[PDB]
Structure formats: C-alpha cells, structure tokens
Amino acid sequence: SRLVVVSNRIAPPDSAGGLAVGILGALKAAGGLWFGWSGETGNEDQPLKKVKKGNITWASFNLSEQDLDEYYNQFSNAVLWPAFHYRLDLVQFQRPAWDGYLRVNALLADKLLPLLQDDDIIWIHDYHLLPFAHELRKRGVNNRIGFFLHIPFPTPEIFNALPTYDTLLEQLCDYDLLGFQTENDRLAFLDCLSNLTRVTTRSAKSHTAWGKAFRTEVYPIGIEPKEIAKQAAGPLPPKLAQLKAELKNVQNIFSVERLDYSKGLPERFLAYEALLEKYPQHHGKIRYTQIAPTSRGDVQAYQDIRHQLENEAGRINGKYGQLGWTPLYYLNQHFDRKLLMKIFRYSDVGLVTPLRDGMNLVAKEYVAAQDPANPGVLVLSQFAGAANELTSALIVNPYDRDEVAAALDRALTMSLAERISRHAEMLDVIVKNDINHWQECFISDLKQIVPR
C-alpha cells in the first residue's frame, strides 16, 4: 500500500520538474511519504520538517557542512558523477569522502526508520544513495525496496577503477529491484557484478549474487506530454512576446542544461563555430542561445568547465560577431521550466549534444513542446539515453564537430513535410512511454517482489 520515496532533494507543495511529477504521480496514487535533504546547511539538530497534504507527507532534514562536503560535494559529485560519466581523469577519491558518504547514508536511514510501516514499499533515487538499501537492511527493514539510477552505469574497465567498487556492488544487491535508464546501463551493472562474483540469472532480469535475490529492469524516464503542450502553447511574458516578434526572419538554435562537463558544451560551441565557418550563408540570419545555470559550483571540475565555456563564448563572438549581430548568446542563468517550454516552441532547432547522459529530458521536452503543425528540429547526440527512443532525431556524434555542424545546417533548411514526419514519430514514442507509464511500471514491478 503506502509508498515511501527518498531522494537527495524533495519538492513540497509550493516549479515542478520532470522527476517530481513522476514521484508525485506515484505518491498521489498510493499515498505515502517523500523524505530527503532540505538543501540547507547548518542547524541539523532541529526536528524533521514535515508537511502533510491529503495523503502525501513531505519530510526534510538539514545537513552539517562537513557531511555535505564529503557526502555530496566530494563523493557524489567528485567521484561517482565523473566515473559514471566516463571521466576517470576527474575523480577525486579520498578515504574521508568515502567515509562521509557512508555516514550520511547511515544518518538518513536512522532518521527514516521511525517513519516506516511494515507494509510500506520503498523507492530510492540516484547515485547519492547507492548504500541506502544496505543501511536499511542492517536496521531490520524487510520491506520491498527499489532503486532507480538516473545516470549511466559504466562498464567494468571504468567502474572497476573506483577503489570502493566492490563494496558498492555488494550493497547494490541489497535492493530487491534495480532500475536503469537503458539496457546498456543494466547490462553494465550486471557485467561489473559478474566480474566480481558468481551471478545466477533467470530470464535476463532475475538474479542471485552472494545468495541475495534481486531483479533488474529498464525504465527510460519521460515527460508529461499533455502538460508540456499546455505550458508551451501559453502566451509568453510581454517582454518575450515582443522578442519573438522581433526575430521573424531569424532562425533560433536553442540549448538548455545544467552547466555540467557531461553535456559537452565546449564541443557544442566548437560545432557552432564550424557551422559559422563552413556555412557563411547563415551569417546574420541565425542565433544560437545556450542557457546553462551553474550546478555544483563548489566542485573544482565544475568551475573549470564554466571558465572554459565563458572563454569560448567570448572567442566565438569575438571572431564571428558583427556590430549588429551577436552569433552566440550565453546565459549562466536558471530559467523556469514552464517558460522553457514556450521558448522551445518558438525555437527552430533544439541542440542536445551531451557526451554522456543517462537520458536527457530536455530532448523529450523539446519535441513535446513543438506545434505539431509547424515543428522545429531536434539535433541529438547518440550518447544521450534518449537516442535509444528518439531515432527520428538528427542523431550525431559530438566528437565530430563537422557532423554536428552539418546536422545544424540540415535542420535549419528542413522542409515542413520532413519536420512533421520526424516530429510526429518522436512524439508518438514519448507519448507511449509517459512519465506516468514510467512510475506505474516501477511501482507495479516493486509491488511484485516477495519481501524477505
């Protein structure tokens, strides 16, 4: 019956993101509890902050500065994030970080225990909480527990470099259900596990390792098509309505993401440079806007990527700019999601070219936001999880800047008929694998496990 969801952050009643709509859909159906970090530092030793509306309860706690630094800044974001995105060169393994990561998981488990009921189903989200099922088991919780990894799971040759990889695998197997964005992530997890210990598998997705039974499954996260199309078709704020009108004979190429090195933003700028260099006929007639709010700015590698991006914006505009034409608009700013939907609708090209992305919701949002009668074009990296389902996109390899540039040109000149075709085929896939479908499949699978 009751659903408990915990994740690193939680969204209480009063700007609803992609994951939030999914969690809330699940919680609204079952009723239950959403538990996680308040996003605040300091004053940890105040009671849990609780809200209750109808059937759902929201609960949060603060974290100390040390715990945040070792758990979130260091281990999560400077070890697991770079490794799981195939950047060994960036991980900063240190023992205190690893100890902090275990400490906060144990802390969270301790806070959570009194709030649990015997029949609860428990859903844990993301790489911050890899050890969490294990911490629950050692505290006597026998409940069904599922995990969803929102990011890629790396192959053995990368995963096995983590000094702590073996402990991570052992603890992952304390979940009854492990969910991944793509088939390759699930396979990679099983591949790392099989390299470490004997695994017994039945029908691809049911396993035993060290005598522990667990299932695996793929649930590619999605969007709410009806909500996005509503938001997207709504009027722009007055100042932005004015701008849309002023851009009548300007084609807009648009990108938005957190400012992360996984997103390949410099490589993208270089591709835009390549478009400007080799297709001069677009000069003065196109614009590329990149919205990239700072993310995890306490972490050196994130400051580094931001500085690199600032330089490239200045260099490209410095070289291809004219007195009355700025080629590249770079905004280190966060935009409301409801507004982004409107901006996607008026953008001729959506450019989503990450080097590695668990899924990438921006790509699904962009084509849901389109006017089906006059849709823009998605240019999508083959390394985004989304590329598995959005095969009608212009799929590209961001390591070949000339290919990305060619695809940008192709997108800018595509006929109405072909834009519609490609759009309708993508939209059909994302309407058939909804965010509702995504949470319903996960919860249905979780309810099926016979608890220990």
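Rigid core here is just the name for the largest C-alpha set that superposes within 1.5 Å across the two forms. Positions refer to the first chain, counted from 1. Compared with the form deposited in another entry:
- Rigid core superposed between the two forms, residues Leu390, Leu68, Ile56, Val404 considered: the one with a C-alpha shift of 2 Å or more is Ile56.
- With the core held fixed, the Cα of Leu427 is displaced between the two forms by less than 2 Å.
- Core-aligned CA deviation for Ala245 between the two forms: less than 2 Å.
- The Cα position of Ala161 differs by less than 2 Å between the two forms after fitting on the rigid core.
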Contents of the next structure:
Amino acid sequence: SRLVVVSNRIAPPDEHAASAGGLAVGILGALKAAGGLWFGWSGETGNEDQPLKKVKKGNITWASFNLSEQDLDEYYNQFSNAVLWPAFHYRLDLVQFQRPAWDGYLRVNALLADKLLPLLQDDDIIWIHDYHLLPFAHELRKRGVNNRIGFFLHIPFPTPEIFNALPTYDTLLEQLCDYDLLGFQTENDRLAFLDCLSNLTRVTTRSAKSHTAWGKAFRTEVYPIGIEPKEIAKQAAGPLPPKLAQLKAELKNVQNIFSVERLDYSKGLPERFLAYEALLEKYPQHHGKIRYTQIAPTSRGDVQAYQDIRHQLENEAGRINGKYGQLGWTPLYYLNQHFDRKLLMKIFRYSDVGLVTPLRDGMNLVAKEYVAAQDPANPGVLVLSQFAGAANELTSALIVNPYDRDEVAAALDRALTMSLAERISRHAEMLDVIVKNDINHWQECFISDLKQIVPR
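So that was the form deposited in one PDB entry. Now I'd like the form deposited in another entry, please.
Partners and other molecules have been left off, which leaves just the chain.
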C-alpha cells in the first residue's frame, strides 16, 4: 500500500527553498501523483543525533535527517560526488577514489537504513533513488526487510570498460542485485548494467528483463523520467516580474538563446561557450541582434573538479564578451545564480532558442521543461545534445554533437531563422511525446512493475 521514497536530496515543503536538480523535481512530481513518505537528507550538517524532522503537506510526508560534517564529506562530497558522479559520466580522469571515502559511503548507507527502519511497515513499497544509495537495499536486507524494494538510477550507467575501473565495482554490483527492481533512464543504461554484471558473474535471463545472479532474483526496466506539462504550461503563462516585463519589451528585436543548469562538468558549458563564439565568428549577421544567456548556479562547490569548471567558465565569459562585445551589446549573459523554477518556466516561454547540450546526461529535464513551456502558437526551438537521455524521445529537436562546435553553431543559426510552420510542427511533436510520458506515467509504470513482483 504505502509508498516510501528515499533519496539523498529532497524537495523541501517550503518550495522556493529549492536547489537546482532534476531528481527532486521528478520525485516531488511523482509523490504528488501517488501519495507517500519521503525520507532523505535535510541538506544540513551538524545535530545528526536529533530526531528525524517530519512535515506533512497533503498526501506527502517528509522525514529528514542531518548528516555529520565527516559523513557529508566522505559519503557525499568524496564518494558520491568525486567517484560515482564522474565515473558514471565517463570522467575516470576525475575520479578520486580513496578507501576512507568508500568506508564512509558504506557507513552512511548503513546509518540511514538504521534510521529508516522504525518508520517502515510490512506493507510498504520502497523506492530508492540514485547513485548515493547503491548499497541501500543490501543494508535493508541485512536488517530483515523483505518488502519490495525498487531502485531508480537518475544518471547514466557506464559501460564495463569504465565501470570496472571503480576499485569497488565488485561490491556495487553484488549489492544492486538485492533490489527487486532496477529502473534506468535509457535502454543503454540498462544494457550497460547487465553487461557489467555478466562480466563478473553468470546472469540467467529466462524472460524479457527478468534475471538471476548469485541466486538473487531481480528485474530491470527503462522509465525515462518526465515533467508535469500541464503545470508548467500554467506557470509559464503567469505574469512576468516587473523588471523582466521591462526587459522583454526592450529586447523586442533581439533573439534570445537561453540555457539553464547546475554548474557541472557533465553539462559541457565551456564547449557551449565555444559553440556560441563559433556562431559569432562565422555568422556576423547576428551581431547585436541575438543574446545568449546562461544561468548556472554553483553545485557541489566543495569538490575541486567543480571549482575548476567554474573558474574556467568565468574565464570564457570574460574572454568572449571581451572580444565580441560592443559598447551597447553584451553577447553573453552568464549568471552564476539560482533562479526559482516558476520563473524559469516564464523565461523559457519568452526564449527563441533553448540550448541544451550536456556532454553526458541521464535525461535532462530542462529540455522537457523548455518544450512544455512554449506557447504552442509561437514556440521556440530546442537545440539538444545527442548525449542527453532526452534525445531518445525529443527526436524532433535539433540534435547535435557538442564536441563539434561548428555543428552546434550551425544548429543555433538554423534555430534562429526557422519558420513558424517548422517551429510549430517540431514543437507539437515533442510536446506530444512528453505529454504521453508524464511524470505521472513514470511513477505509475514503476510502482505497477514493482507491485507486480512477489517478495522473497
């Protein structure tokens, strides 16, 4: 009956205290449709031995814990953010594996399982989310929890040649098979996991997507995470804040290219800046008549790799504006700031081009949000990296390879001069795909698949 969701990041009930990130947006979407309990990190450190904080808002209940400084450091900043995140994004050169980080990662997964245990009922359907919690089912099983437990990976699962470089890949794979159901964003993610598993041990697969390894039974499946198209429509059509109501009037003959994401090296922001520079170099007709705005709030700012990409991005903004700016025209607006999601939906609506070219991305909700926010009668154009999970479904976007800056520049140019009729038909095709594959659909398919398996 009752759904129990666990993730590291939560969306707070005070909704504009939100931090950038697709997982929390997704899960809140799901929970609002389902009902249930959300157990996860409050986002604060210190006071770890205080009782769980609990808030109820309609059909959702939140239970949060704090983490000690050391746990946050070893489990979150080191293992999750400087081993798993880079490795799953094919950045082995950025992995920073050390044994104490691994031990802390295991230590907090165990701790969190101790803290969740008293909240659970026999009934519960338990849904664990994302790379912070790979060991979590295994920790619940050793505490005797026999409930259905499903896992969903929000980020890519990398091929063996990358995954097996993890010193501890070994244990990770064993422990993932303690889940009853493993959900992935794309077929390639699922197949990659199954590949890694097969390299280590014999996996029997006697039915579509139903497996045995080390005598443990489990199911795999693909559920591309979505968005609430109706709600973003509503928020995108609400009035603009006064200061932006001005800027819209002033920029009446300027076209807007707009991008928004956490400042993460997975997102290819320097390559993007370079593609914009190539646009300005090779298509001088756009000078003074277009504007690229990049919103990039700091994310995980304690991890060295994140500091480096941020400094690199500041350099490129200064450089590009330094070179192509005029007294009365800044080509590139870089904002290292967090914007309310409500507001972003409006900004999307008034952008002529959404630029979403991550080097590697499990899904990318910004891409779907961009489409859902457009005025169907006069929609902008989506330029999308082929490496974003969303490219499997947003097939009518201008699909590009971000490693080819000139291909991205050309797609920006095509997007800026695209006729209304082509923009209508590209948009309506994309909108239909994301309406059919609702966050409500995601949630439904996963829970239904989970409820369908018999527990051990």
